[PDB]
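In the form deposited without the ligand, a lone chain appears below as structure tokens.
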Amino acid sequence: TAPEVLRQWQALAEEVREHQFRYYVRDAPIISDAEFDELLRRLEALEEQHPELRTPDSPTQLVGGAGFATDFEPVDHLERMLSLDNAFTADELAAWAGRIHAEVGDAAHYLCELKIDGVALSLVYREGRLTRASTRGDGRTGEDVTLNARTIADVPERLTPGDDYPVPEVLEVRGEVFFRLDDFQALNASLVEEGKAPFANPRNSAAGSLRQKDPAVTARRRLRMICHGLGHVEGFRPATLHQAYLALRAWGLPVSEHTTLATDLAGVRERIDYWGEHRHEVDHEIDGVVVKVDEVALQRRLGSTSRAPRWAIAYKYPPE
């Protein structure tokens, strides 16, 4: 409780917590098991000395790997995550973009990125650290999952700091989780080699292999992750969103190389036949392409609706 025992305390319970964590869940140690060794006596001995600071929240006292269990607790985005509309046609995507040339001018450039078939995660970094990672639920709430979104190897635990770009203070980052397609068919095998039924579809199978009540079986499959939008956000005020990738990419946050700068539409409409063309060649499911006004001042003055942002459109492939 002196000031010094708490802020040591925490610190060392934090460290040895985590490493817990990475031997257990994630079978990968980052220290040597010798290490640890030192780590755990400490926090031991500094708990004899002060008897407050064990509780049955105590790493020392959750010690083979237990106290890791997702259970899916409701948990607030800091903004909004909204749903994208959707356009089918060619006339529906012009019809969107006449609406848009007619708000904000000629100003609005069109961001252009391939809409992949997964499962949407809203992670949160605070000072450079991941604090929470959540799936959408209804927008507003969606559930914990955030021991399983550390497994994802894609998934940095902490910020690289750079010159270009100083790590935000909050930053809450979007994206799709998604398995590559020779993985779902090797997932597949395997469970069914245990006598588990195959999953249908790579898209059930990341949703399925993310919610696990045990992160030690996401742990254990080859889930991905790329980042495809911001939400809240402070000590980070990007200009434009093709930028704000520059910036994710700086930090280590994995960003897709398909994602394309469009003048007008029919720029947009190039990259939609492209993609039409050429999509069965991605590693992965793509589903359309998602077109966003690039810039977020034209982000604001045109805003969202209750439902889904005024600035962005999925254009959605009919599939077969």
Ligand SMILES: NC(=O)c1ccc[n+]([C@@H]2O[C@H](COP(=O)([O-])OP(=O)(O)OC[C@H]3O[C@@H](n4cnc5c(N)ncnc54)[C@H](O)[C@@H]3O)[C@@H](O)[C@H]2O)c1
Given for the second form:
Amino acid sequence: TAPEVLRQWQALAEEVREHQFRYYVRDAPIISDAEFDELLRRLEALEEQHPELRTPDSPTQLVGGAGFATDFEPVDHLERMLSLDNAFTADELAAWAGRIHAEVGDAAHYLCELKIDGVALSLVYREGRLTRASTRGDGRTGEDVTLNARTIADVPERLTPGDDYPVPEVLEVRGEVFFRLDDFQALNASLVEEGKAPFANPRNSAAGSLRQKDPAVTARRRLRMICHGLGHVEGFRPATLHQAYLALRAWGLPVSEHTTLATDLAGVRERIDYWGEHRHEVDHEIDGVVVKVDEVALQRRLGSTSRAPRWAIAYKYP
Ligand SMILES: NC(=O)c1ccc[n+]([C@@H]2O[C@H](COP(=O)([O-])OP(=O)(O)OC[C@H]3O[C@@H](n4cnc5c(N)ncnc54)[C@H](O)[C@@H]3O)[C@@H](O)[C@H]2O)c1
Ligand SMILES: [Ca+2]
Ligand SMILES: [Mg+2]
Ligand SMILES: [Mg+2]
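Okay, that is the form deposited without the ligand; can I get the form solved in complex with the ligand now?
Once more the chain from above appears, this time first in line as the rest of the complex follows.
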């Protein structure tokens, strides 16, 4: 029934939007990430089954966080800041790799990174000086948390020039802000002893600690950061992500030591199996592995959707 299917879509879309608000705006979700993911998959399946439900501002097409207002100063990113599509099974991973191979061939190599379950942050360095830091927001416009980001010890005020890597005129770099697991638990126990509510989990603790109107609150908390992507850059043309990370390292920016470069899907699957067994050994919350086409020229050819790059996928663990 066209009437009945539409009401079903409306209820599900409204529910998805409610939880996106609770997660992205309040850092206070009321259901688990797994439950949220199933709701979003249900919405997508409803749209695939009934094409008349495809609507441009559905949660299935937008960066989570779109459509909400907040108390922070809005600031436009220099380049779109996107989400990631997911693989929850081996079949979904292999379907992605096949699609890569069908478009760009065997030339693609695959960078395999730990997917940090933190809060996204975008930093802008102008002539080597940190001038702005922003949350993802709706992917185009973020929230100004520059003063909060300056308090993070991992985030430098100034880039250190290298002889091999001159400082770019403009560097927009993206990464994850997070707590180590012991610090996450210590903050929750500290909050509970003060009578306040603890955070649900490491992600919301990090996001809530970063998104503070008073940056002194952020300063008291041992936030960490790892850079894992590039936005707009001027005066720097890395040919590959792994070469970009060499420059970021040289400049004094934090990069993960756990990343590996695989030549093919078999190599990628070996690394995903490895972290399935060893992710409990990482001192911060990991919700998967991000697989990325390493060659920047191939990323540009693969492109991106309205909400995620086509050249990367997040494999998510159970
Ligand atoms: N529980 C709830 O009510 C609720 C509501 C909305 C969303 N969520 C959760 O939010 C997530 C989906 O939203 P999302 O758009 O933030 O997606 P995501 O976290 O699944 O993937 C995209 C994000 O991965 C991050 N990331 C971490 N490590 C990375 C790496 N090495 N390389 C690149 N990026 C890396 C980036 O910040 C990027 O924004 C899911 O985990 C979902 O369950 C939960
Ligand atoms: Ca979302
Ligand atoms: Mg409700
Ligand atoms: Mg996340």
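Rigid core: the largest C-alpha set superposing within 1.5 Å between the two forms. Positions refer to the first chain, counted from 1.
Once you line up the core between the two forms, the CA of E52 is the only one from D273, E52, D283, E257 that shifts by 2 Å or more. Annotation for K196: C-alpha shift of 2 angstroms or more between the two forms, rigid core superposed.
Once both forms are overlaid on the rigid core, the distance between the two CA positions of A11 between the two forms is 2 angstroms or more.
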